[PDB]
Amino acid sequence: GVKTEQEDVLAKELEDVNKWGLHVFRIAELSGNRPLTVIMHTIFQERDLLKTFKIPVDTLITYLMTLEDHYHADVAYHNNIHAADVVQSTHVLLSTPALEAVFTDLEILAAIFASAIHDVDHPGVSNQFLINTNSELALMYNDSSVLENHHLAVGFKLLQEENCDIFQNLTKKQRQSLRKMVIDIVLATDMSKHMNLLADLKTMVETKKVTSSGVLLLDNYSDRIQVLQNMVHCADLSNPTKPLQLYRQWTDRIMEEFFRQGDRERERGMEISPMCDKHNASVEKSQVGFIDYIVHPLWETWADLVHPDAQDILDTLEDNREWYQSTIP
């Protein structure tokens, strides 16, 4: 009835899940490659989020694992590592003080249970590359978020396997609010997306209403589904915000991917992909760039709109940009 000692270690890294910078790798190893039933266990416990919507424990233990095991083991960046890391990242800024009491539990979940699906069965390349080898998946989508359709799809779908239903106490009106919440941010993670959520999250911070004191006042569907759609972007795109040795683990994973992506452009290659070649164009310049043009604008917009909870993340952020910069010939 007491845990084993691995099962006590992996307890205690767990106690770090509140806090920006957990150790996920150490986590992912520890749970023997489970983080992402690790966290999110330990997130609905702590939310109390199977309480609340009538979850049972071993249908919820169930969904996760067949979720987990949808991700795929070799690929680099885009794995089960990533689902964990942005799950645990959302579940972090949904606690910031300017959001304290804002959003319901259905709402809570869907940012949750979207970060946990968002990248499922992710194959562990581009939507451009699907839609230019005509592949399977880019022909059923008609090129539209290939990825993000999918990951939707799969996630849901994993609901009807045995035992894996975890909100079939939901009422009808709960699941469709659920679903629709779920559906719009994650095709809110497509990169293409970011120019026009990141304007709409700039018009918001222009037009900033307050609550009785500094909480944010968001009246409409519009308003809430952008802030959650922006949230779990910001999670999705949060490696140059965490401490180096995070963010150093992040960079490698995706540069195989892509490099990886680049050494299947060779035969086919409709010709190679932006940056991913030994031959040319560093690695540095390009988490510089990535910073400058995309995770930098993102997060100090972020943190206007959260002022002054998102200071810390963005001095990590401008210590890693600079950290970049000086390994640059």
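Basically, rigid core = biggest C-alpha set you can superpose within 1.5 Å across the two forms. Numbering follows the first chain given and starts at 1. Compared with the form deposited in another entry:
- Candidate set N134, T211, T171, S144; criterion, C-alpha shift of 2 Å or more between the two forms after rigid-core fit; matching residue, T211.
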Given for the second form:
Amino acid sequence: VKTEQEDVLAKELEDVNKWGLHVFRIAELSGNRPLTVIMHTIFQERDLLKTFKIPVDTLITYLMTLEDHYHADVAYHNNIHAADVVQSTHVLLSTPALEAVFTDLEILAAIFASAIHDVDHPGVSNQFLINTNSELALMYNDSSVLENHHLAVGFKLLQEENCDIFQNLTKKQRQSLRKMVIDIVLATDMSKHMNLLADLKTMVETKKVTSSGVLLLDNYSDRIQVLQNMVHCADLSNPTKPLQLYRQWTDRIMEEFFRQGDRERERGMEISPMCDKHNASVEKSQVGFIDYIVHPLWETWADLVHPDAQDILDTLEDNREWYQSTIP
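Having seen the form deposited in one PDB entry, can you show the form deposited in another entry?
No partners, no molecules, just the chain.
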């Protein structure tokens, strides 16, 4: 355990290797430190401290700082979402079809990218930031504004006192991990979804597997592509989770969206799609989200790692039925 608690957190953390970890429970039991606790657990499980000579106190110090820079008053894009994506990536990394495909450095990059990928999220969209002429959009030229910011912050925090968890990587290692983490977080920009999926389908069509069905990736292009899509899937994994988890994620994203719509309405701006609390169809919207975004993505991932992801797909379909059933 990497944070002061008491306790029974251990019984819940037994599911850290399973889809459907109750991450909200973890948040409660850990004093709202789900990202620190789950990251610390994963790093120990994967022996990453020993491999990369990461001092444990340095890891905890960085995680505490990183966690503090997720906004507590943001309903969805907060430290629990970061913890969720981290843990979800951790599960996907261990899928049998990917056995021994990735290096420990690649595993570290995926997990680190997952942890920082929404840090300092303000609870409003890229388009909102652009439309309101935010300093952030001015900084990043309207291009992957948030995602560029999340990386800048995640890396800059390494420079805080006793926070450089990469201090004992080689120069080449840090350079490679940096490139991979950047490639991965920039791929979480939803504006890149259709292209990313399109390329993922292409890769699937011409995939190569050993006898036991293990994927053969040849080069960096292959490997980074699978990692990009993996963390993208993890980011978009809410509707594939056990329904009670999914239901809370839906509650939180709508709360966050509605708060942006309130900011838009207050400034006399056109209210963004699905951000109008006065005219929302939350259930119908989740069904469309699954039909046009989440299922097409996950159907393709499932193909890539066939048959590893079948139950994830089945759960997605069951959860689609639930929101369908509850349209008024």
